[PDB]
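Visitor: So the chains spell out like this:
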Amino acid sequence: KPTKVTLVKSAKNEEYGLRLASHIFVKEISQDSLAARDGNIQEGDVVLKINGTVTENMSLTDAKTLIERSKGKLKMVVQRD
Amino acid sequence: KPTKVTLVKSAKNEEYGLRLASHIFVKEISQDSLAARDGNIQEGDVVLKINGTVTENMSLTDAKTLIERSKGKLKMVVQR
Amino acid sequence: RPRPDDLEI
Amino acid sequence: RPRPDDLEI
Numbered sequence: 183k184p185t186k187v188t189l190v191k192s193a194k195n196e197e198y199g200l201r202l203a204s205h206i207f208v209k210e211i212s213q214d215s216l217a218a219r220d221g222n223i224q225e226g227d228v229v230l231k232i233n234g235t236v237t238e239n240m241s242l243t244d245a246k247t248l249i250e251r252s253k254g255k256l257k258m259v260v261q262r263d
Numbered sequence: 183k184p185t186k187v188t189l190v191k192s193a194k195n196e197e198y199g200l201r202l203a204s205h206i207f208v209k210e211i212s213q214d215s216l217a218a219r220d221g222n223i224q225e226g227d228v229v230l231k232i233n234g235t236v237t238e239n240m241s242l243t244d245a246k247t248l249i250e251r252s253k254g255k256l257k258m259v260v261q262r
Numbered sequence: 374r375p376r377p378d379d380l381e382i
Numbered sequence: 374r375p376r377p378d379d380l381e382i
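Residue numbers (the UniProt record's numbering), protein chains in the order written: chain U, 183 to 263; chain P, 183 to 262; chain G, 374 to 382; chain Y, 374 to 382.
Keep in mind that the hints were calculated from the coordinates and are not lab data.
Virtual Cβ for every residue (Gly too), placed ideally from N, Cα, C.
Among the clues, some could well be false.
What the hints assert, rightly or not - Below, a list of computed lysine-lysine pairs in the DSS-like style, where the Cα atoms sit at most 30 Å apart:
1) P:231 - P:194
2) U:246 - P:231
3) U:253 - P:231
4) P:253 - U:194
5) P:257 - P:231
6) U:186 - P:183
7) U:231 - P:231
8) P:183 - U:255
9) P:194 - U:186
10) U:255 - U:231
11) U:194 - P:183
12) U:231 - P:255
13) P:257 - U:194
14) P:257 - U:183
15) P:255 - U:253
16) P:253 - U:257
17) U:255 - P:253
18) U:191 - P:246
Said to hold, decoys possible - Far from chain G, by Cβ distances over 10 Å, these chain P residues were calculated:
19) 195
20) 201
21) 216
22) 224
23) 228
24) 238
25) 239
26) 242
27) 248
28) 262
Whenever a hint applies, use it, and build me the whole structure from the sequences.
Guide: Laid out in C-alpha cells, this is it:
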C-alpha cells in the first residue's frame with residue numbers, strides 16, 4: 183500500500199536530501215510475439231542496456247530513438263526484478 | 183545474473199511484442215537530511231506521484247521541472 | 374495498467 | 374551507483 187510524503191524546506195538553499203533515478207522495465211510481453219517465443223525476457227524485468235547503451239536515467243523518448251537506431255535488430259540486457 | 187537478449191525482426195513493420203515503462207525510484211537518501219527526518223520514505227521506494235502528478239513514464243528532467251514549480255514544498259506518493 | 378506514453382515496440 | 378544524470382534535490 184502507497185505512502186504520502188510531505189517535505190517542507192526551512193531555507194531557500196536547503197536540499198531535500200533525495201537522489202532520484204529512473205529505470206525502464208518490461209511492462210508487458212505480447213502473446214506469441216518475437217519476445218515471447220524467444221523466452222529470455224520476462225514481465226517485470228528491468229532493462230539495464232539497449233544496444234550497448236545503459237538505460238538508467240534515460241527517458242522513454244530517448245530509449246525510443248535508441249531502439250529505432252538499429253532497424254530489424256534489438257539487443258538488450260535485462261535483469262529479473 | 184543479468185541476461186543478454188537479441189531480437190531480430192523479419193520486417194520493419196513487425197513488432198517485437200514489448201511494452202516498456204519507466205519508474206522513478208529513491209536511489210539514496212542523504213544522512214540526517216530533511217527527507218530522512220521528516221519522512222516515511224526509504225531507499226528503493228518507487229515514486230508513484232509528485233505534487234499529484236503520476237510519475238510513471240516521466241523523465242527525470244520533467245520531474246525536476248515539476249518539483250521546482252512548488253518551491254519549498256514537496257508532496258510525494260511512494261511504494262515499497 | 375496501459376498508458377498512452379508507454380513505449381511499445 | 375552515483376550517476377551524473379541522477380536527480381539530486
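Visitor: For each hint, tell me whether it holds in the structure or not.
Guide: Evaluation of the provided hints:
1. P:231 - P:194: violated (36 Å)
2. U:246 - P:231: holds (23 Å)
3. U:253 - P:231: The given pair, whose Cα atoms are some 35 Å apart, is violated under the 30 Å limit.
4. P:253 - U:194: holds (8 Å)
5. P:257 - P:231: Holds, because 8 Å separates the two Cα atoms, which is no more than 30 Å.
6. U:186 - P:183: violated (34 Å)
7. U:231 - P:231: Answer holds: residue 231 of chain U to residue 231 of chain P is near 26 Å, not above 30 Å.
8. P:183 - U:255: Roughly 23 Å separates the two Cα atoms, so the pair holds.
9. P:194 - U:186: Between residue 194 of chain P and residue 186 of chain U the Cα gap is close to 44 Å, so the pair fails against 30 Å, i.e. violated.
10. U:255 - U:231: Status holds; Cα separation ~14 Å.
11. U:194 - P:183: Roughly 44 Å between the alpha carbons, so the hint for residue 194 of chain U and residue 183 of chain P is violated.
12. U:231 - P:255: Given that 30 Å is the threshold and the Cα spacing comes to 35 Å, the pair is violated.
13. P:257 - U:194: holds (17 Å)
14. P:257 - U:183: Holds, at roughly 17 Å.
15. P:255 - U:253: Roughly 45 Å separates the two Cα atoms, so the pair is violated.
16. P:253 - U:257: violated (41 Å)
17. U:255 - P:253: Distance of about 45 Å is beyond 30 Å: violated.
18. U:191 - P:246: Cα-Cα ~16 Å, so holds.
19. 195: Holds: least Cβ distance 12 Å, greater than 10 Å.
20. 201: Label violated. Min Cβ-Cβ 5 Å, cutoff 10 Å.
21. 216: Check passes; 31 Å lies beyond 10 Å.
22. 224: holds (25 Å)
23. 228: Residue 228 of chain P is indeed farther than 10 Å from all Cβ atoms of chain G, at 15 Å.
24. 238: violated (6 Å)
25. 239: violated (4 Å)
26. 242: Label holds. Min Cβ-Cβ 15 Å, cutoff 10 Å.
27. 248: holds (15 Å)
28. 262: holds (20 Å)
In this structure, the earlier hints numbered 1, 3, 6, 9, 11, 12, 15, 16, 17, 20, 24 and 25 are contradicted, and the remaining ones agree with it.
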